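The chain below stands alone and is given in C-alpha cells; this is the form deposited without the partner chain.
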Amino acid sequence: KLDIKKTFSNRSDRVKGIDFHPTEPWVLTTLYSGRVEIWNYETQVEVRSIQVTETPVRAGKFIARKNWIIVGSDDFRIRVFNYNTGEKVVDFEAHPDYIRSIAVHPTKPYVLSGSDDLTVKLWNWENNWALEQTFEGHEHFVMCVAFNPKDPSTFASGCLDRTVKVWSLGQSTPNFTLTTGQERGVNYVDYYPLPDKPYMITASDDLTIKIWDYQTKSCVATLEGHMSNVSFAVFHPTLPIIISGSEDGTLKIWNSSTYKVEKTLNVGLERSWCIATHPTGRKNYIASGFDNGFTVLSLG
C-alpha cells in the first residue's frame, strides 16, 4: 500500500523541530543554527526565514488560527512570530533550562512547554502569555508534551525519569503515572487519535517503542528493530501505521494493527530527530528533520 513520493527535501543545519501548516502547503523547520524556515513543499520555495537567535531552536509549532509560529530555543526563550509579516509578537524566558517540546491546545489559548527544568508550563496567550500553571512531579528532563486530542483538558508528558504522566489542566497532581520499563527514559509520547482504543506510544534510548493502554496501563506491544536511540514514534492521523525515527539514521513505518514493521528508510540525512504529520492527512504527508536537513514524503 505504501506508495511513497519524495515531495521535497532540503539540506541544512540540523533540524530539531518540524510542523505542517493545516491549510497552506507549508512546513516549519527549526534549526540548530538559530534560524527557522517556512517552506512551500509544492513549489519548493522558501516562504520566510527568520534568524531567531544564535542558539538552537529546539521546538516549534504553527498556531494557524492566530497566524503565528511559536518556537523555543536553547537560550531558554519562547518567541512567537506572525508568519506573514515576520513580526515578533512576544519574547519571554520560559524556563531556566532547555525547552524540549511545545504543544498548542486546539480550542483554548494555551500552550504547553516541557523542559530540562523538570516541569511542564502552561502559558495563556489571551492573558498576555502569562504563566498559569507549572506541572511538577517529574524527576528528569521532560522530553515531550502532547494533548489528548480526544480530551484536551488532559495531556501527557514523557520524561527521562522513565515515566509518562497524564495531567488535567487546573490539577497539580497527575491523574496517573505510567512506569514504562524503558530504563533509558522516554523521549517521546503520542496519542492514538481514534476513539476505539485508549492508546499512546512511547519511544526510548533503550531502542524500544511501546504501545500503552492508558486505561488499563498495560503494554499492548513493543516494537523492536531500531539499532540506536529512538527519537520519536507517532500514530499517523489517517493511515493505520506508526512512524518512528532514530539516531540509527532510519525512519520505520509499522503496521498499527499487527505491530510489524512495513518498511525501513534511510533518506541519507544521517540521524533523525523530529517528526510531523499533516494533521488531516493531506497526501498522507509526513516530514522528518535530521542532522543534514529535512524531507517531506507523501505516503500514498
Given for the second form:
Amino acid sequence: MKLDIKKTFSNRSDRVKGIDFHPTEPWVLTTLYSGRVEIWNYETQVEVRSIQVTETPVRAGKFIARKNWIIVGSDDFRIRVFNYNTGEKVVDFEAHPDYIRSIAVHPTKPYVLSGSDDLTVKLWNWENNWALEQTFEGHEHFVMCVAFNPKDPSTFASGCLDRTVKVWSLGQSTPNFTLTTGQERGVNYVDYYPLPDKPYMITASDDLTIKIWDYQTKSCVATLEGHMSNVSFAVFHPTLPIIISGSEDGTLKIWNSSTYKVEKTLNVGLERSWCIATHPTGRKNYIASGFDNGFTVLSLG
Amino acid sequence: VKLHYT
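Switching forms now, from the form deposited without the partner chain to the form deposited with the partner chain bound, please provide the structure.
Expanding to the full complex; the earlier chain stays at the top.
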C-alpha cells in the first residue's frame, strides 16, 4: 500500500482526550475535556449520540461492541458505562480516588483495566456486577496508559510517569518485569505490536522520544526522534508497516516501522494532539486522532 | 500541583 492520506471526516469541538473506533459500525467515539462525549458516523458525518457525562474532563473512552456499550472514565474519579443504542447509563461508580487516565478492554473476557493518578491499575469484571477483582500496585507516579498484550491478553502493560513500563499477569500481584525506559520525563503511552513476528512494545514520553522495545530481552530496538513537544502517543498500525505518533507540537508523524525513519509529518490544524485510534480490521486503513480543537478521521491509503 | 492537567 502506498501512503495516500485522505481526510474522511474532521469536525471541531472542545479538546478531545480520548478516541476509539467501533469495530463494525463506521463510528468514532470522542471524549472531551468539557465532560461531553460524542459518537460520530464518519461516513455520513452525522452524530449518532452525544452525552454531557460530567463537568470534569473525560480522558478515557472505549467501545465494548459485544455489549453495545461505551465505557468512559473522568477526572471526577468515576467510570460510567452507557448503552449506545438506548442511552441507558448501565453503571456509574467511583473507580479510584484520583483522575482516571486510561481504560483498556480485554478482547474476549469481561475485564476492563483502569489506570489512575492514584498509582494503580484496577481490574473490573462486568459479569460480576463490575466488581473490583484486582488492584495492581507498584508504580510510583501517575499511571498514564494501560494496554493488553493482544497476543497474550492474560498479560498487560502499564506506562507510568515514574519512567517505567510494568508488564503484569492477571491474578498475580507483582510485575512479570519492569522496563526502565530511560525516558526521564516519564511514559505517557504504551502500545503493543499486534502481529506474531516481533515481541515489540512502544513508549512515548514528554522527553520528546518514542522508543521501541523487545519485551523478551528488554532491549531498546530503536529511538524515534523528531517531535518538538510532549509525545502524547505512539502506536503500531494494525495492518500497515508504519508507526503513528502525535504530539503537543500539533503534528502527527508516520514512521516506517522497519527503518524507523519519519515518512510523513501532518499538521491538521487543530493544535495539540492528545489521542489516537486505529480501525482494528484495517477498514480503509482508517486512523483517528483527537486534538485541542477537534478530531480528524483519516484514510491512510 | 496536578501534572498533566491539560
